[PDB]
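Visitor: Residue strings, one per chain:
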Amino acid sequence: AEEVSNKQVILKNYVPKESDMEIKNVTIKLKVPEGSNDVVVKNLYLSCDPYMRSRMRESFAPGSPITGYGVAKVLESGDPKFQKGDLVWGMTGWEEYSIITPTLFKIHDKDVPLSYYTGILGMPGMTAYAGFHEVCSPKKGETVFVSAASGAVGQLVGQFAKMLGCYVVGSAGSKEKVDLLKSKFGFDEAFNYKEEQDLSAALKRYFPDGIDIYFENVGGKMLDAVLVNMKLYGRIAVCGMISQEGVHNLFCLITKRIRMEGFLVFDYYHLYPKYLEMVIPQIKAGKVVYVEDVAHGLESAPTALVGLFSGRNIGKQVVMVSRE
Amino acid sequence: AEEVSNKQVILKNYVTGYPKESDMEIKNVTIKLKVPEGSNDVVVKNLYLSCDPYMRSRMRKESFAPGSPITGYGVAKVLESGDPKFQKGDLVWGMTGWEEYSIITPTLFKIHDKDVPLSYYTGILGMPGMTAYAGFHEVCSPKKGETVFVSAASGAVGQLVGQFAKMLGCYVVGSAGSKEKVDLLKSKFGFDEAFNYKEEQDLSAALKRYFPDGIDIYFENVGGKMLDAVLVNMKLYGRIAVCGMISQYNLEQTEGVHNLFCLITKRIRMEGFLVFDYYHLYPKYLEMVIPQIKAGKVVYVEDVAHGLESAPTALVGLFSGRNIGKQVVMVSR
Ligand SMILES: NC(=O)c1ccc[n+]([C@@H]2O[C@H](COP(=O)([O-])OP(=O)(O)OC[C@H]3O[C@@H](n4cnc5c(N)ncnc54)[C@H](OP(=O)(O)O)[C@@H]3O)[C@@H](O)[C@H]2O)c1
Ligand SMILES: NC(=O)c1ccc[n+]([C@@H]2O[C@H](COP(=O)([O-])OP(=O)(O)OC[C@H]3O[C@@H](n4cnc5c(N)ncnc54)[C@H](OP(=O)(O)O)[C@@H]3O)[C@@H](O)[C@H]2O)c1
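So the protein sequences, as listed, match chains A and B.
Mapped onto our numbering, the consecutive letters of the first sequence carry residue numbers 1 to 324.
Mapped onto our numbering, the consecutive letters of the second sequence carry residue numbers 1001 to 1333.
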């Protein structure tokens, strides 16, 4: 068996600063632990996902590696479904090499950048598809509002909506991102939420006849502003509330007969092949695009993870652990 | 044409905060009971009036007009009709005036079954019954064995929701605002458990005590702090049919709801509805429920105030829980 040096990002203590994490260098024997069905992988890309905050205080353990979604190459497998040389995405450790237990998706199309399987072709892409295509029941010509529209999930939701023939507006936190939403992603309109004194008035300006669908990533005052601007039988897919303050306008659910429904992407993984079958031709035809931020090396991962909760990422924040 | 005095309940003023009796007054006018020339109007004699909580919304500046009669659902007898669909002597329910006699422009529903109390067509056989039916059967997607919580559970809508859920084999708990209403929930309506929300130190602890495995379905009539207590107690894929939020109707600023994050962790569907959208189901409802009423399988409690002069008191009393069951005003006999 190969025995190799293995750099790891370790949680130093419960929580978010760089100094709450630590780089540790250990040795690993690259062998499937005896009698298990484990998979030994070399990690290529690691995703920085907002939900990781919840686990830093199902939680992570101080002294142990951070874990998250990544893209990896299989080195050894005790599981029939995976063999040496396979590329996979799934939960893995923040380290060069991980032993992953049976409790993980094989990658088949290598014609797109591999980092995409942390975003558009990974969990965030599946989240956008589940939330918009399944939860929202969208129809051509409907009006759609996306909060956190320039993030990994939101940038896809808006494009999926444009593909269906919807009118799409997005909210973002800077000029650079607002311009991106319109220039790159093809949103009909977008606005900087930080500049608006009255979010309700802002949405009225962009939606003179109201919002059919709100893809909710934010919550709070933004939700209150959406509620008063919804159309009859409007739908709200509750994906995240990254801002998280009391919500005051829920009476609008009755007068407008709104369905507001939360979901978790892992309930929808049985639809992943269907999602891929839709989105991969669209990527290859340049009809759906994706923007990510890629940091080089594990020694960059502490910086990359912290920077996520102030919107220092543009699209999905990724860490490249290794080239291949 | 018959010429008669017509007492009316007038809205005096738009209302802020809680309504009081003095926000309304009784006026007497003379009118003639005649259909205006070439119109398709119906002249009726009002028999029963519903007091419904949504009327509070209409007291703000759709809304009522100060100086004019209050309007709402009632049961009436047709006296003259410019509409071929309605004949003298017909009994109807639908929107009418808070007065002895009204002129209507025909949905007015024609009542065919009078082997049930006519006052039932303000409640169980009228708009509240239909709300309970559509809200629970359609919006909640209920299944046998599920756990169900109903707020304002002894009221016109809630007392029916709990019975409908029991009939389906659900475990059903209700909250209400007095010992008398709690006893009624358990002894008359067949709720499995019920509690007085005013005597609970912590509503989320109270609900945890009644729903140790969580709540599959919340039929929401109250909003406010109750909704926040429910959210933290919902089961996975739980559903909330948002019917009303009466705890908010008299506030000049609503209370903030803080626990919506639970919609994500628990994958909850929270959906508002208006009974107005479900009237195509009213025949099905009436055909199901009337035989159940006549067979004593579904039961009802209404509170009948007597005379138009009692109507302001009956309406205002909804907001302090003075009604026991569906609040009705008997106009005539
Ligand atoms: N339900 C599920 O299964 C599921 C799955 C994956 C993700 N999620 C959730 O979906 C949401 C978006 O995920 P993502 O991966 O697309 O995140 P992302 O790439 O970070 O986009 C999130 C963005 O939200 C904006 N934001 C941050 N703080 C804000 C605030 N206080 N007020 C308004 N906007 C703020 C930022 O962009 P600006 O520059 O525009 O401020 C931030 O970059 C997150 O809440 C995440 O937890 C849910
Ligand atoms: N969506 C629709 O189409 C539709 C149609 C009809 C009715 N509704 C709504 O459904 C709800 C129930 O209507 P209903 O006709 O059955 O009324 P109801 O329950 O017969 O009477 C109203 C009851 O509200 C409770 N209440 C009043 N103030 C409260 C407060 N601050 N906190 C908690 N409870 C309070 C009281 O009972 P306690 O003594 O138990 O406090 C009072 O008896 C109302 O919100 C109504 O607006 C909706």
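These aren't lab readings, by the way, just hints derived from the structure by calculation.
Hints should not be assumed to be uniformly reliable.
Among chain B residues calculated to face chain A with C-beta under 8 Å, some are [as the list claims (entries may be wrong)]:
no.	residue
1	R1267
2	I1268
3	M1270
Even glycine gets a Cβ: it sits at the ideal position worked out from N, Cα and C.
Visitor: Take the hints in turn and mark each one as holding or not.
Guide: Hint by hint, here is what the structure shows:
Because the smallest distance between the Cβ of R1267(B) and any Cβ of chain A comes to about 5 Å, under 8 Å, the interface hint for this residue holds. With a cut of 8 Å, the hint placing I1268(B) at the interface with chain A holds, because the nearest CB-to-CB distance is about 5 Å. The restraint placing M1270(B) at the interface with chain A holds, with a minimum CB-CB distance near 5 Å, inside the 8 Å limit.
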